[PDB]
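**Student:** Each chain is listed here by its residues.
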Amino acid sequence: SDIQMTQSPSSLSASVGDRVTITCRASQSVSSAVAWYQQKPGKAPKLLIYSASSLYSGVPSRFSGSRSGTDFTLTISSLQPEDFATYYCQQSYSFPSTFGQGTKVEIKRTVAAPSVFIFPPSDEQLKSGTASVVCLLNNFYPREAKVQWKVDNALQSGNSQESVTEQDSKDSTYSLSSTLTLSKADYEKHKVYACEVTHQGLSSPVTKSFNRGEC
Amino acid sequence: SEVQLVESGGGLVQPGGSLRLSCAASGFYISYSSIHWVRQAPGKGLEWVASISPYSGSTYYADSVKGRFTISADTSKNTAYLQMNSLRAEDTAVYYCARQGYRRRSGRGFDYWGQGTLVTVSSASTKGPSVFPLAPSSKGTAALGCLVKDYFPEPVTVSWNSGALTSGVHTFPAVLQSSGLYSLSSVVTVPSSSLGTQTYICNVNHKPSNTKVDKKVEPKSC
RNA sequence: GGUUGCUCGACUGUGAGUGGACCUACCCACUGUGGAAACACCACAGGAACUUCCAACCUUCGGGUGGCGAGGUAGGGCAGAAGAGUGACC
Numbered sequence: 001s002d003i004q005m006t007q008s009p010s011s012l013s014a015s016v017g018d019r020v021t022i023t024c025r026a027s028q029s030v031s032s033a034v035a036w037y038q039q040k041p042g043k044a045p046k047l048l049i050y051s052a053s054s055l056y057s058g059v060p061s062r063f064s065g066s067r068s069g070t071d072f073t074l075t076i077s078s079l080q081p082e083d084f085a086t087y088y089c090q091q092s093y094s095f096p097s098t099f100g101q102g103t104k105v106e107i108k109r110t111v112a113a114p115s116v117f118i119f120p121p122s123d124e125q126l127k128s129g130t131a132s133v134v135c136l137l138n139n140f141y142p143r144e145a146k147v148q149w150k151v152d153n154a155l156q157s158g159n160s161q162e163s164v165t166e167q168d169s170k171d172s173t174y175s176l177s178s179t180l181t182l183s184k185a186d187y188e189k190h191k192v193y194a195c196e197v198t199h200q201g202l203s204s205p206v207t208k209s210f211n212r213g214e215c
Numbered sequence: 216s217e218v219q220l221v222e223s224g225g226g227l228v229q230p231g232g233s234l235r236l237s238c239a240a241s242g243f244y245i246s247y248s249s250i251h252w253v254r255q256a257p258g259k260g261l262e263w264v265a266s267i268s269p270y271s272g273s274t275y276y277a278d279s280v281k282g283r284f285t286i287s288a289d290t291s292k293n294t295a296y297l298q299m300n301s302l303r304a305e306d307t308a309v310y311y312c313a314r315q316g317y318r319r320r321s322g323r324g325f326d327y328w329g330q331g332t333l334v335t336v337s338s339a340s341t342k343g344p345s346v347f348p349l350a351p352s353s354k355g356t357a358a359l360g361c362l363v364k365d366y367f368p369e370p371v372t373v374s375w376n377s378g379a380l381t382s383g384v385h386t387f388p389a390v391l392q393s394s395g396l397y398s399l400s401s402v403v404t405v406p407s408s409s410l411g412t413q414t415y416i417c418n419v420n421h422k423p424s425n426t427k428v429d430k431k432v433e434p435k436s437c
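Chains A and B are the protein sequences, given in the same order.
The numbers in the working numbering rise by one with no breaks, and the one at position 121 of the first sequence is 121.
The numbers in the working numbering rise by one with no breaks, and the one at position 23 of the second sequence is 238.
Incorrect hints may appear among the rest.
[To be verified] Taking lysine-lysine and the BS3-like style, the derived pairs with C-alpha atoms no more than 30 Å apart in a straight line are: (1) 422(B) / 292(B); (2) 259(B) / 422(B); (3) 435(B) / 191(A); (4) 435(B) / 184(A); (5) 46(A) / 281(B); (6) 184(A) / 354(B); (7) 184(A) / 40(A); (8) 431(B) / 191(A); (9) 150(A) / 354(B); (10) 127(A) / 427(B); (11) 431(B) / 184(A); (12) 342(B) / 431(B); (13) 281(B) / 127(A); (14) 150(A) / 127(A); (15) 184(A) / 427(B); (16) 104(A) / 259(B); (17) 150(A) / 184(A).
[To be verified] Listed next, with one range per pair, are the computed distances between beta-carbon atoms: (18) 229(B) / 189(A): 40 to 48 Å; (19) 200(A) / 355(B): 19 to 27 Å; (20) 424(B) / 61(A): 25 to 33 Å.
In case anyone wonders, no lab produced these hints; they're calculated from the structure.
All C-beta atoms in this analysis are idealised placements derived from N, C-alpha and C, irrespective of residue type, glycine included.
Using the sequences provided together with the hints, build the complete structure.
**Tutor:** This is the structure we're talking about:
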């Protein structure tokens, strides 16, 4: 018997200066008891709108709340890069309280090829019998990229794990780190370790690479 | 302007276990405000948990924790608490403490949040991180970092040079090793000149295991 | 015996549209606002509207003033009054 707050879009790419609109729809009338929150990745949430159209003290006038019956809309007249965040509606019209599922907003910049490097495993690591190879794609955009490990010109599969930074609030760029992991024995079976990068900013797939043992 | 909320009493707890989160207030009195707990599972959304309303102590609970959690406030200690019993996996989250603003000022909006404290309901035993260095190669800037490998639970903190170096640094999100443990790696890029003369130490701190390591990242020895 | 007053008075009424606004105290509610206040507590303002009434007050007798939570309890108020007395008159 809860007010459902149904937010959408689940996500949003938009250019700087654009108008962006996020809509939350209350399964029951919640008067104007709606507050909106900004949350940059790994901070707490910050209050934006209270009572569905009152701009909380200190919030940039580009943000604004609005109500139309049971349908609430947050608006950014003109995106800054800072406004990379996840946005949540809340209703405190009645307990239990309720949040939207959030909307991840993303900056949109001109294309940036990754800076690429490759790291052959540390010598302490090899004594402990593990061997992890790191490939690093630095400060690029759009976040969509394709990394491929090849060991002795053999495409690997399932034995790498990558992870990406959050969009830079300033650059609006990304950074990735693909990590092939092998048992020490499996690592001493091959010479060449390559990291093939296919990004939109690259007009040709970059490969950093190394051979085992070279100084 | 000391308005602050400082949660604590989180951590790694066996399933079915109990924890009592504490939340300490500054620069205002909680006797005059409604106080709410809100939790966020990793990469998930916000989820209101409970709240206790001023002057009456009346408590309200999200229905997913109704009867396992008990929000309460101590006037004297300017603290609010959440006893949690019969914890399950899905109770895993960061648990935030929020002040509901003064009506004449900010409606029923939550105007101050804690940094939040992280509750990791599993039974898999803690293990600290084995940090390995990542050296630069020979290629006007190059990159160097640390590989913080096979630890549990989140979180680790990495700083460089005791936070002296801060620019150009990327610390990647931990991913979950098939081993169930966390691994991650922090990297900074620096100009190729400083290699010879600039010592580069990453500082790794894994408070869950009481582990702190400092790893000097030096270039190719040969 | 009437007839009527006069006085006392058990008891009963305070009637809602073709027709109910008497007062006070407590309790109990209901709505809105405000109190650092979503509930609880406190304060304060209200109980649709059109009517109806004057148990109340003032009157130059023309009128005017003021007044509604159909709650409960308790006093009262105003009406009746069974009865008594108590006269006058026939």
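**Student:** Take the hints in turn and mark each one as holding or not.
**Tutor:** Quick rundown of the hints versus the structure:
no., hint, verdict
1, 422(B) / 292(B), "holds, 27 Å"
2, 259(B) / 422(B), "holds, 24 Å"
3, 435(B) / 191(A), "holds, 18 Å"
4, 435(B) / 184(A), "holds, 20 Å"
5, 46(A) / 281(B), "holds, 27 Å"
6, 184(A) / 354(B), "holds, 26 Å"
7, 184(A) / 40(A), "violated, 40 Å"
8, 431(B) / 191(A), "holds, 27 Å"
9, 150(A) / 354(B), "holds, 21 Å"
10, 127(A) / 427(B), "holds, 21 Å"
11, 431(B) / 184(A), "holds, 23 Å"
12, 342(B) / 431(B), "holds, 22 Å"
13, 281(B) / 127(A), "violated, 51 Å"
14, 150(A) / 127(A), "holds, 24 Å"
15, 184(A) / 427(B), "holds, 26 Å"
16, 104(A) / 259(B), "holds, 11 Å"
17, 150(A) / 184(A), "holds, 17 Å"
18, 229(B) / 189(A): 40 to 48 Å, "holds, 41 Å"
19, 200(A) / 355(B): 19 to 27 Å, "holds, 25 Å"
20, 424(B) / 61(A): 25 to 33 Å, "violated, 47 Å"
Hint compliance for this structure: hints 7, 13, 20 are broken, all remaining hints hold.
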